[PDB]
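Next comes just one chain, in structure tokens: the form deposited without ligand ADE.
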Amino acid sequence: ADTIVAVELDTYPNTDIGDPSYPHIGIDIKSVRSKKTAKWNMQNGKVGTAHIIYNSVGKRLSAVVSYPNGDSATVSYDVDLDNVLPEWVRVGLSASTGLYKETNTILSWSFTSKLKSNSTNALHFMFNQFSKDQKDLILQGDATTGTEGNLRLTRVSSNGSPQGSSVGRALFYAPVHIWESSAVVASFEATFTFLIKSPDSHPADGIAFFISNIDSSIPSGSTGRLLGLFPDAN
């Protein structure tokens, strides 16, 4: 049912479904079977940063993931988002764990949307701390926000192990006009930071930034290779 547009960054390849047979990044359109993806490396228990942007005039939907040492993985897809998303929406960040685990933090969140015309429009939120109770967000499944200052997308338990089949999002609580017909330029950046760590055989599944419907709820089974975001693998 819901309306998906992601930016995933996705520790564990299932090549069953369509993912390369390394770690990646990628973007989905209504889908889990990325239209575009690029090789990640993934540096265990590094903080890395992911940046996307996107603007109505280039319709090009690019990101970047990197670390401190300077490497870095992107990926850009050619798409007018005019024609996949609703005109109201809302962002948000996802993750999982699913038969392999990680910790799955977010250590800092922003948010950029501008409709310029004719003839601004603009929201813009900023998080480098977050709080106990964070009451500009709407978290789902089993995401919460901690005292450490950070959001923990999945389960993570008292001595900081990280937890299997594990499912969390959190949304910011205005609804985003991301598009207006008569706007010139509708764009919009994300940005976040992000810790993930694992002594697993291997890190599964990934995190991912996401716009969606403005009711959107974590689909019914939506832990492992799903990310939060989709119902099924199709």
Contents of the next structure:
Protein chains: 4
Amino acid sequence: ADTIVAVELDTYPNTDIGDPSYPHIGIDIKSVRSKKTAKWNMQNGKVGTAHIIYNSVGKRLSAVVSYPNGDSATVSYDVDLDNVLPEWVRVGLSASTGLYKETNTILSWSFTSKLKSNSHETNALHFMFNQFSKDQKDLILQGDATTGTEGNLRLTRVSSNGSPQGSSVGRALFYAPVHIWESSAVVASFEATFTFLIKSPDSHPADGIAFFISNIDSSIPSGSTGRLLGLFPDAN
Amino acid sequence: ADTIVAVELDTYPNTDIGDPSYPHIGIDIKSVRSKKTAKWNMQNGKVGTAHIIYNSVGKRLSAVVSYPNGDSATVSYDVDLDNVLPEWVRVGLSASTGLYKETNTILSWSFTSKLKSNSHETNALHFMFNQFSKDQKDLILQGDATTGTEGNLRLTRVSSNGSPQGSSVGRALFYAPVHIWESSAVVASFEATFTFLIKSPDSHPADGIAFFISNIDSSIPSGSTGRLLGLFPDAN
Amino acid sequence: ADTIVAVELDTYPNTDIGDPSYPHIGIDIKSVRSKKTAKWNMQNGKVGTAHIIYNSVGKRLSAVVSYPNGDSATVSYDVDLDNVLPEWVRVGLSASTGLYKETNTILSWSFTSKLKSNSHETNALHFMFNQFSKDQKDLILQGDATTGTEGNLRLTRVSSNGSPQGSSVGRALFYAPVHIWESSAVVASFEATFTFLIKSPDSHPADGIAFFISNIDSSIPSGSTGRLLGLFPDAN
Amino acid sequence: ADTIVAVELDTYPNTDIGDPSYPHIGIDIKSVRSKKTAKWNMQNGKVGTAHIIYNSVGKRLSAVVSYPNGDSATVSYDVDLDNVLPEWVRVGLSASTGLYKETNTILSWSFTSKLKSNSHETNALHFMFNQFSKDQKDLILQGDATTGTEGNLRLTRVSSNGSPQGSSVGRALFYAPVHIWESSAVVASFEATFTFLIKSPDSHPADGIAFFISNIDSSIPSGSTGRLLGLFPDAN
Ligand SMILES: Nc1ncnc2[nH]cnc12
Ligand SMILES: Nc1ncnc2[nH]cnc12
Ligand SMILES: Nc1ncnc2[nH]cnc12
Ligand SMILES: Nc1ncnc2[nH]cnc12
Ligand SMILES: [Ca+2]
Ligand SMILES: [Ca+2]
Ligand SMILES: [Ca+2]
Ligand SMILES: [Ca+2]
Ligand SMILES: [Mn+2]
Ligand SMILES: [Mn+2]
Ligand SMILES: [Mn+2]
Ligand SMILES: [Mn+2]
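Starting from the form deposited without ligand ADE shown above, please give the structure in the form solved in complex with ligand ADE.
What follows is the entire complex, opening with the chain shown before.
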């Protein structure tokens, strides 16, 4: 059912479904098998930042994930998202654990969409969360996601003693639909930034965090924990 | 039930409920009887712009409505909106006709809310509509409001032949709730701008347009057409 | 001397120096011979909008020029501007006439540069001119450029009777240097938008308008009127 | 000569020139004797944030200074800055030490000015420094001010061993002039935010930090160290 465009921060190589044999960032267009990936060194317990950038002019969905020591991974993929997404969408963040686990803590998330037509006629949506609240009424939380008093978005279950749990899936979508393209726009652009804290005591962290764009009514697909990152009903 | 803070562009003097005896802009806090007004020369058939500005520092809700020839009216009112509004709100635009009538056409609407805490931790919501679409999924339309193909928001009924109808009420609220204050914010500010086209063939235009802030579940009060501008169940 | 990156709106095909045999938009990196062009139908006397977009992630300089009837031309070019430009620059607008002529009237110009590092540490510059004033102290006007009372930037000479003159060159650069890249930035992006009105009574319009980025001390090169668009000392 | 509007973070009570007998924030219009002040508990060695807000609608210059534990001081003052400032200005930050001393370290500074006319015609300037660089070409440094490799703006002299020096004055002004009012603007607003770190080993910290607005050619007045905060030739 859902149509998904996602940038995944994939901490666990599932080499039997396309993953390269390392942690990676990837651009996912309607499939968990990334159309493009790049090797990503996830820094356990460090606060990372992902930036996702698209414009309809260059038609390049780009993402960069960095940590404070400056190591970064970038992935870009040429794609015309007008042909992929419906005109109205919701944007959100998703994360998973499976057999292995990790905290999928989002510390901030910002997003901007703009449709520039002809002629000083722009429609724009911008939000920025640097602090999430307990009762975050402009966010739709799905599955295991929760917003804490500590001001974070915990996309997957973390135990009272601070421990990430396995087989968790959770997503947070901005409440308002976004008009991410409009056929008379000369420029439809968006950008998204989030900061995250992936920490694991496990033998390996898993499974990752994705920023995604979906149909407005998108919900977690059945059994999308683990390697499917809460975005896809399957690994096709 | 609803809690309303509004800036009204009031085209019709209802002198028996507080209006001054002229068209006016006013600041309405939980009552249609404006706490403060200023004489406003509505320019029939011209495109006006209203700007509404509040910050929690100066605690002054300010509004200015202007037309291209530069005539403008300003109203300011000292008020602590933390004590008025709930923490989460919806923001919107409302307009009415009663016995007299006018087009209450909104050509653009923009809004920004920011909560600045301590410490480069800001939450922000910004939207901008310069063109409304027919199926405007990030707007909640109430009552007679409609968004047209022409890219406008018609808050009240306009006849197929372009004529405004009487006894109309309509509102458009942004879909996402807004967090307009948060007690640990050092600055909670917002601003709103809209452009409007009030045209009437009537002996007098009525009744006006308001930008308002309300509880998230706000709906048009019963019999709020006319002088109550779709905001208030009564003239108290 | 100068280093120039430019998006040109080139109204005159100078086929002996690389131009294609039509009006075109092009991306110029250190040469007037565009690395990339696209056919552009200049609409005489209509107000056009150009949008220029770059990010250091996708490393794609993109431009689109459109008119209100929606005809548009787009050009994109993969390039790493960190390797082209100095770290600090000035940004501006340039236009020329030669043997043929045209008004090169800019009605608005906006620009944003951002350097996003690690870690909610962004440097940003944004300006927007929708109205230029006579004494525009945040603009550096070179050559024939002038800002009028009418609120426009006339990059090339227009006669008192409204007529564009030949052999004119003029540029307007934003006063403050811009830091358009910084090697520790994870994202260095910029965007620029301007609206323009190219009108000509001539047998052909010429020569065009460019948005450019240059070294801070950039000045009009000698004999850069006409086909060199006020950017290049020569056609190499 | 200079015309100064300033918000001062005044760490040292100079009770013989108007200061109240405590550290205070104040709004200074053409005089170091603040038109309005508020008691401010400066938290030695903590990172503070000041927010300064003005709009020409409400005509209230407002400032709030806060620290992460949430203690804050606010000051507001009704004033029409169109009658005070010239139309074009420079904006900057100033700080002083005298007999007592303190670090006057600025960690970030952001500013926005907007002139909204009639009719989707806004001029705007926004800058944001979250990191200052050594060679900060869009800043004018005066007196003792320096930008470090550490990414801070040290408005006053700090010794190689980290110690603030006495009798220091330094200012940083944004390079481009700002058009802070224009008589046909319906709204002329600005806001400024900076974060600062005032640390002192002294028996008392002194003298403070100001954000100011001045004539474009403003320079440090002779003998404006200490209680005059680098803004005023005297205490009148
Ligand atoms: N370790 C793994 N490699 C490939 N595909 C998988 N699916 C689940 N676990 C996997
Ligand atoms: N003309 C009017 N004056 C005062 N109050 C009113 N209520 C309805 N019409 C009115
Ligand atoms: N018409 C033209 N074609 C090619 N190059 C030129 N240089 C000057 N005019 C020219
Ligand atoms: N301590 C102080 N009190 C008042 N004015 C002053 N000027 C210099 N030092 C002072
Ligand atoms: Ca995986
Ligand atoms: Ca009324
Ligand atoms: Ca040419
Ligand atoms: Ca003092
Ligand atoms: Mn993957
Ligand atoms: Mn009224
Ligand atoms: Mn060319
Ligand atoms: Mn003082």
